[PDB]
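*Asks:* Residues per chain, in single letters:
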Amino acid sequence: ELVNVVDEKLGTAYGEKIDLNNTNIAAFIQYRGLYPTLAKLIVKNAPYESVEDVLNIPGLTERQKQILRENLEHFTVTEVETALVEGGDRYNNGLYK
Amino acid sequence: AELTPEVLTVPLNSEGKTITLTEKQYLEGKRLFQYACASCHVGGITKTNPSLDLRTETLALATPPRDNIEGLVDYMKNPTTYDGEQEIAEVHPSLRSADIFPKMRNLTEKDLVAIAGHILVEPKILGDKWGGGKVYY
Amino acid sequence: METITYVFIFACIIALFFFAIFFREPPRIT
Amino acid sequence: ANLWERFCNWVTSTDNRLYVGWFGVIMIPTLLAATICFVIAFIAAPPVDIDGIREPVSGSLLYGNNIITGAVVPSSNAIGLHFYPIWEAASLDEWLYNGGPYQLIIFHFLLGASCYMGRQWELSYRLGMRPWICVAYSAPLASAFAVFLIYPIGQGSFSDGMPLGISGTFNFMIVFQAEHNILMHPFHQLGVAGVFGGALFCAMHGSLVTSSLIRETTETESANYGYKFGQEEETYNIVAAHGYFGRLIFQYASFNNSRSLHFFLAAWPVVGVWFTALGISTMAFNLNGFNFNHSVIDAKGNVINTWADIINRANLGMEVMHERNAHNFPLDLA
Amino acid sequence: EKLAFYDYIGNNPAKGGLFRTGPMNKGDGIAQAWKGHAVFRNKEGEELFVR
Amino acid sequence: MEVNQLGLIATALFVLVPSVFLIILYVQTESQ
Amino acid sequence: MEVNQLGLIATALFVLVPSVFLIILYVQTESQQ
Amino acid sequence: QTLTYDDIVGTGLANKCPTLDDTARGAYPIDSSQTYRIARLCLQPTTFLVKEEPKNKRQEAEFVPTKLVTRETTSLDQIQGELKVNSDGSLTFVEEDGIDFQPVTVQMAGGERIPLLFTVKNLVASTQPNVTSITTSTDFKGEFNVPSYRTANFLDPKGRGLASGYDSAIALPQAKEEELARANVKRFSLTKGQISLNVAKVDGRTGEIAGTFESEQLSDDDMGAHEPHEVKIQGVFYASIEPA
Amino acid sequence: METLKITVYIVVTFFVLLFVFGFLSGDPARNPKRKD
Ligand code: CLA
Ligand code: CLA
Ligand code: CLA
Ligand code: CLA
Ligand SMILES: CC(C)=CCC/C(C)=C/CC/C(C)=C/CC/C(C)=C/CC/C(C)=C/CC/C(C)=C/CC/C(C)=C/CC/C(C)=C/CC/C(C)=C/CC1=CC(=O)C(C)=C(C)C1=O
Ligand SMILES: CCCCCCCCCCCCCCCCCC(=O)OC[C@H](CO[C@@H]1O[C@H](CO)[C@H](O)[C@H](O)[C@H]1O)OC(=O)CCCCCCCCCCCCCCCCC
Ligand SMILES: CCCCCCCCCCCCCCCC(=O)OC[C@H](CO[C@@H]1O[C@H](CS(=O)(=O)O)[C@@H](O)[C@H](O)[C@H]1O)OC(=O)CCCCCCCCCCCCCCC
Ligand SMILES: CCCCCCCCCCCCCCCC(=O)OC[C@H](CO[C@@H]1O[C@H](CS(=O)(=O)O)[C@@H](O)[C@H](O)[C@H]1O)OC(=O)CCCCCCCCCCCCCCC
Ligand code: HEC
Ligand SMILES: CC1=C(/C=C/C(C)=C/C=C/C(C)=C/C=C/C=C(C)/C=C/C=C(C)/C=C/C2=C(C)CCCC2(C)C)C(C)(C)CCC1
Ligand code: OEX
Ligand SMILES: [Cl-]
Ligand SMILES: [Cl-]
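Chains as they are written, first to last, in our numbering: chain A, 1 to 97; chain B, 1001 to 1137; chain C, 2001 to 2030; chain D, 3001 to 3334; chain E, 4001 to 4051; chain F, 5001 to 5032; chain G, 6001 to 6033; chain H, 7001 to 7244; chain I, 8001 to 8036.
Treat the hints loosely; a few may be bogus.
To be verified - Keeping only pairs whose Cα atoms sit at most 30 Å apart, straight-line, the calculated DSBU-like set for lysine-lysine is:
| hint | chain 1 | residue 1 | chain 2 | residue 2 |
| --- | --- | --- | --- | --- |
| 1 | B | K1134 | A | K97 |
| 2 | A | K44 | B | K1103 |
| 3 | B | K1110 | D | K3300 |
| 4 | H | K7176 | A | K9 |
| 5 | B | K1047 | A | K17 |
| 6 | B | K1110 | A | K40 |
| 7 | E | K4002 | H | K7055 |
| 8 | A | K97 | B | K1103 |
| 9 | H | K7121 | A | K40 |
| 10 | B | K1024 | D | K3300 |
| 11 | B | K1047 | D | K3228 |
| 12 | H | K7067 | A | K40 |
| 13 | B | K1103 | B | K1077 |
| 14 | E | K4015 | H | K7084 |
| 15 | H | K7232 | A | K40 |
| 16 | A | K97 | B | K1047 |
| 17 | A | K97 | A | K9 |
| 18 | E | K4026 | H | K7232 |
| 19 | A | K44 | H | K7084 |
| 20 | B | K1017 | D | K3300 |
| 21 | A | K17 | B | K1024 |
| 22 | E | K4035 | H | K7176 |
| 23 | H | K7057 | H | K7141 |
| 24 | H | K7057 | H | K7176 |
| 25 | H | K7067 | H | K7176 |
What the hints assert, rightly or not - Label-pair distances were calculated between CB atoms; the ranges are:
| hint | chain 1 | residue 1 | chain 2 | residue 2 | range |
| --- | --- | --- | --- | --- | --- |
| 26 | D | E3234 | C | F2017 | 28 to 34 Å |
| 27 | F | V5017 | G | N6004 | 51 to 57 Å |
| 28 | H | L7180 | C | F2023 | 37 to 43 Å |
Read the hints as simulated data drawn from the structure, not as lab findings.
Where is the CB? At the ideal position from N, CA and C, for every residue including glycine.
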């Protein structure tokens, strides 16, 4: 009845894709054009119900919506895990090199 | 193993042209990289922002692409954020900002190409150690 | 019990110091 | 005679079983204060937030330690180098939480041990001796200053001073190696020469004098009874000892002059320990051991590891684990 | 509860033994709670009393 | 702490037996 | 059997401490002559 | 005044909230068309009470006083958010940001240290309806989140953690893991607290208010290893209201 | 705490003054040979 919620998350899509609701902002460096500008907006606009909601962020340029569509295949959303998003850990999760 | 022209051949530009450095340009780029960059970029990491390294894979996903000499020379002239959206000459040494980054003043275009070549050659030599950080020391 | 044991041994040593200094066999010239 | 002069005669009297002296007037209270605080703290102090991160480390016997693991724990990193006397705390409970006993102990102890040194000068003067025993003691004394005072100064916190315990000492040594590569520092290498050589020459001297004791006793009794306290004659034959030791090596590698021999015994460990104390005191300012990390590379530029690189891998394991919750930023700059 | 606890033979000092060592808690245990006053009745509703 | 219960007797005997040996030898030295 | 574990050290000291006392006194008696 | 850092440093005043004159007993008019902000909210705790844990019998538990051991590190400050005028005329403060948490350790009689994350994170606090002015009888009541006292990277002394660390007791290789699970498996709690803010002082000119607060929240549970305590915090607060 | 502070200040002051005046009290002449 006692589980590490972070290990459980690794068994979801969080373990395969950038989880727009959970993943630390440094992961958006993996794909072209997302960091830092769009990654900041994605994190700030917080939790999404579906991946495609990311296209509705107020202010995107047409260029930005295109980059985002090119990368939807690299995104997922799962339920917000408190342990991943508290502490400002989406901006700095204690990992450097 | 030795420092061969196959090792010293790097992308000149994005259109697949290549260029072949000499042992001498590589060693010069090494010295110049120590003089002007290694305080922050030793071993291909970035001490003041470890999320961004000098790996070729990373440089290739930069905007504009930086895994070639011209892209790197252009970055030393007019640096930008990883996504190309912001110019950062104010806080990154560049020729544009040689007034506030004095070490960049005496640099010539030949120097920048050497530095760029060294950055592109070193991962071919060191592999994961370049940009890997202390795990690989 | 283990705390008592450690303190006991330490206290014996301090007592030993007292006797070793003040009730030593006095060195005599001869 | 007036009270003051009678007091002065008593303080400096050579007939007191233990010499007091003017240095003793400060030594005695300060050593007592430190000793009493240390004993009470070692047995019963509650856990101390050494690193300032609200993670108390239990140092005392009553809180689950034994003799080997127990310590008086250094004061909190939040305090840094600030002076934290009891009267600066809102309560004793606060003072214990933040590691106040450690400051009280080390300050009274350093003051008392400095006066111990001066007291050695002082009695030697009252007895008509030569004065330099205190100089020999300056080597251990300087060593204590380095790990309890200088190293905290350079690093900005008494929380990085040496803990007053057995396992706490080991912790201090391991972290020191990670942050300074002290093994690769020549002043520590000189300290090892000092103490290995000191033990060597200690055993050499004891064995050569013991080897050449003059027969004064029978096989039944201790040979120690052939020496009488105060006897004018030497109890061993130094020519014989020189004759043995000169042949063991060669004649001039052996001492014939007792005074030269004993000065050498004094000088070797003292100098060596001066250097190792100076080692801690200058690595306190981050002038670290030699760094040969990736010093050897091949014709292509591959790194050819040496034993220095293997030391560096161990150092890295120490670095990344020590004070595992205390760093938020990638460089551990103090 | 403090009054009820006095009315219990485990706290009577004449219930011990010479070589039954230690605190009273080592015998019957550490008292946690009064369970309540027990009232016994038979099937005819009469109240009965334990000797 | 869950220490070894035989630790107490081991320590006590470790101290007592050797110490008693020395005391016996010392006292009979003094009385001759 | 579930005996009192302190019974061992109790018994050991009950034997040892008085016995040693008597041995001390006997041996220093002998060496007087 | 224009006290400078150099006037304050090391005195203990940096952990105190500003106070208002005893003559600041006016009222701040609230214009419902207007939108307001709290430019600074300061909360300075003066007493920490911890609820006792009564034994079995189920007798009453009291809140007992405690000794603070972590010094003048306890105040929340530079907190800001929107002051909303709601349609029923009530006001609602919604915290945006600020220095809105402090770890605190207090000590109970007998030596037990109680750590707690003193906080008003995500505070939403509201007045009664139809508040046309903030006055010296205005009350706010609200709730806030209390996250785990340690966050996910925290390693325990044997190297176990949630987002990092060992997942077992590595020093006891062949021990039965079932009795160690509560210590091995770290859990990150999020609980709610409640706070009352009682305005007792109002400078209607400047928009500054001040008063007392009372908060109730839970203490540290050490990432699931033990039950938390209930804590009641009392102190004083200051706020500055600016039209936005 | 103020009471503790004053008490230590006075104790410390007292012992330091003893040390100072004691060494000022002709300490060079307190040796077994030359009484200056
Ligand atoms: C030789 C005696 C001696 C000495 C040198 C020290 C030295 C010290 N003690 Mg210890 N101490 C002693 C005896 C001594 N102690 C004894 C006997 C006790 C038992 C009561 C204590 C109990 C004690 C406690 C409980 C604490 C110390 C602390 C300290 C430190 C700071 C003291 C301080 O601020 O004084 C400042 C004093 C001066 C600067 C005076 C210098 C002399 C000048 C020339 C005269 C100035 C006069 C003075 C200002 C005014 C006179 C008094 C006035 C208020 C009426 C220092 C290491 C504190 C500590 O370790 O902090 C970590 C601490 O918490 N001491
Ligand atoms: C196998 C034997 C051996 C030998 C020969 C050495 C030798 C040495 N070690 Mg190592 N050491 C050893 C085992 C050994 N060690 C072991 C088992 C350990 C523990 C694991 C260590 C741990 C250790 C540490 C931690 C350190 C050393 C250091 C040293 C140096 C100083 C030693 C010293 O002064 O000792 C005391 C002995 C003397 C003072 C006597 C004289 C010894 C000298 C060296 C011999 C001189 C011979 C001479 C040149 C020949 C002249 C010929 C003719 C002209 C007459 C020296 C190179 C230090 C070092 O690295 O320095 C760089 C140091 O930091 N040692
Ligand atoms: C074989 C291997 C080896 C050897 C021989 C040494 C040898 C030494 N090391 Mg090195 N060390 C090693 C491996 C080794 N180390 C390794 C592997 C590491 C890395 C983990 C280190 C890390 C290391 C550090 C970090 C430090 C040393 C230091 C030292 C020295 C310790 C002794 C000293 O300071 O005396 C000097 C004497 C004293 C400190 C004693 C002071 C005594 C005071 C004045 C009085 C005490 C009174 C007492 C409380 C009362 C008694 C009363 C009683 C009678 C009742 C010595 C030169 C230390 C050093 O150089 O310190 C200066 C030091 O800080 N070592
Ligand atoms: C007036 C004396 C006195 C009294 C009434 C108590 C009473 C108590 N003590 Mg305390 N105690 C005392 C003295 C006393 N103590 C002293 C001197 C010590 C130091 C050794 C202690 C150390 C102590 C500890 C460490 C503990 C207690 C505890 C207790 C409680 C349990 C006692 C128990 O189990 O006894 C058992 C009694 C016996 C088994 C009787 C012994 C009978 C002797 C051995 C007979 C010997 C006969 C002799 C050899 C015949 C030879 C004669 C002839 C042939 C020559 C109780 C409240 C315990 C407790 O609960 O503490 C919280 C506990 O843990 N006591
Ligand atoms: C290949 C072949 C040779 C095979 C054929 C076999 C054959 C028969 C050979 C014979 C021919 C031959 C000799 C060949 C040559 C081969 C050769 C040169 C071999 C090399 C071997 C070699 C490594 C030599 C050993 C090196 C060695 C031990 C040197 C150490 C140098 C040195 C002097 C060190 C000691 C330092 C020092 C002097 C410390 C002093 C210590 C000290 C303070 C002692 C205290 C003390 C001193 C006193 O003094 C007295 C008084 C008293 C009181 C006292 O307290
Ligand atoms: C030669 C023998 C020397 C022995 C040295 C013993 C030092 C004893 C110091 C104990 C305090 C004595 C004064 C009693 C006054 C009441 C304060 C008291 O209860 O505190 C003693 C306790 C000690 O602290 C508590 O120790 C207990 C021991 O069972 C428990 O283990 C607790 O968990 C531990 O926290 O702390 C408090 O009560 C703090 C006071 C609360 C705020 C009041 C401020 C005023 C405090 C004045 C005290 C200054 C005394 C400094 C001592 C200097 C020593 C030279
Ligand atoms: C641990 C406690 C130590 C003292 C601390 C005080 C706490 C309470 C003690 C109160 C009683 C004091 C009596 C002291 C007994 C004594 O020393 O007699 C020894 C001699 C005998 O007195 C001499 O003997 C003669 C007269 S008579 O014997 O005193 O009657 C004569 O020669 C001369 O006048 C006289 O001085 O006295 C002296 O030598 C004077 C100095 C002795 C003081 C040394 C104190 C050392 C403290 C430093 C220890 C630090 C930590 C050590 C831990 C290992
Ligand atoms: C380009 C720069 C070159 C720099 C050279 C180095 C600088 C120092 C120069 C020499 C210093 C003086 C000589 C040595 C000391 C001295 O003079 O004592 C005076 C005596 C005189 O010798 C004795 O000489 C006597 C005659 S007299 O005293 O000189 O009058 C005689 O009686 C007796 O038999 C004989 O033993 O010297 C000795 O006792 C010889 C002992 C061996 C040398 C001792 C030096 C101390 C050892 C330091 C090593 C520590 C290393 C640290 C290890 C961790
Ligand atoms: C010596 C002239 C150099 C060269 C050749 C480079 N740097 Fe730096 N660098 C620093 C920081 C903080 C960044 C990231 C900035 C951001 O995007 O926000 C960088 C980045 C680079 C890159 C891009 C790497 C990538 O993967 O896209 C490159 C090619 C690069 N730098 C080259 C920090 C510093 C310094 C700290 C003061 C110093 C000095 C230098 N850099 C120097 C150089
Ligand atoms: C007079 C004189 C003299 C003498 C002197 C003396 C002898 C002194 C002493 C002194 C002393 C004798 C001191 C002491 C001190 C002490 C201290 C200072 C302590 C402290 C402690 C503490 C504080 C503790 C605490 C705690 C802990 C740690 C834990 C648990 C709890 C408690 C709280 C308990 C002489 C001879 C020199 C001469 C001159 C004159
Ligand atoms: O506390 Mn003790 O130790 Ca000298 O570095 Mn930084 O700090 Mn901490 O870390 Mn590594
Ligand atoms: Cl550590
Ligand atoms: Cl940090």
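*Asks:* Taking only the CA atoms, is the gap from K1047/B to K3228/D under or equal to 30 Å?
*Replies:* violated (71 Å)
*Asks:* Can you confirm whether the C-alpha distance between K44/A and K1103/B stays at or below 30 Å?
*Replies:* Status violated; Cα separation ~38 Å.
*Asks:* Between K4035/E and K7176/H, is the straight-line Cα distance small enough, at 30 Å or below?
*Replies:* violated (36 Å)
*Asks:* Given the hint of 37 to 43 Å, check if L7180/H and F2023/C actually sit that far apart at their C-beta atoms.
*Replies:* violated (54 Å)
*Asks:* Given the hinted pair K7067/H and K40/A, is their Cα-Cα distance within 30 Å?
*Replies:* violated (43 Å)
*Asks:* Holds or violated: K4015/E and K7084/H, Cα atoms, limit 30 Å.
*Replies:* violated (72 Å)
*Asks:* Given the proposed pairing of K97/A with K1047/B, does the C-alpha separation stay at or below 30 Å?
*Replies:* Holds - the C-alpha atoms of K1047/B and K97/A are around 9 Å apart, at most 30 Å.
*Asks:* If you draw a straight line from the CA of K1103/B to the CA of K1077/B, is it 30 Å or shorter?
*Replies:* holds (13 Å)
*Asks:* Holds or violated: are the alpha carbons of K7057/H and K7141/H at most 30 Å from each other?
*Replies:* violated (34 Å)
*Asks:* Next pair to validate is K97/A with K9/A; report whether the Cα-Cα distance is within 30 Å.
*Replies:* holds (23 Å)
*Asks:* Taking 30 Å as the top limit, are the C-alpha atoms of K44/A and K7084/H close enough?
*Replies:* holds (22 Å)
*Asks:* For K1110/B and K40/A, compute the direct alpha-carbon distance and say whether it is at most 30 Å.
*Replies:* This hinted pair is violated, its Cα atoms lying about 37 Å apart.
Going down the numbered hints, you'll see the structure goes against 2, 6, 11, 12, 14, 15, 18, 21, 22, 23, 24, 25, 27 and 28, while the others check out.
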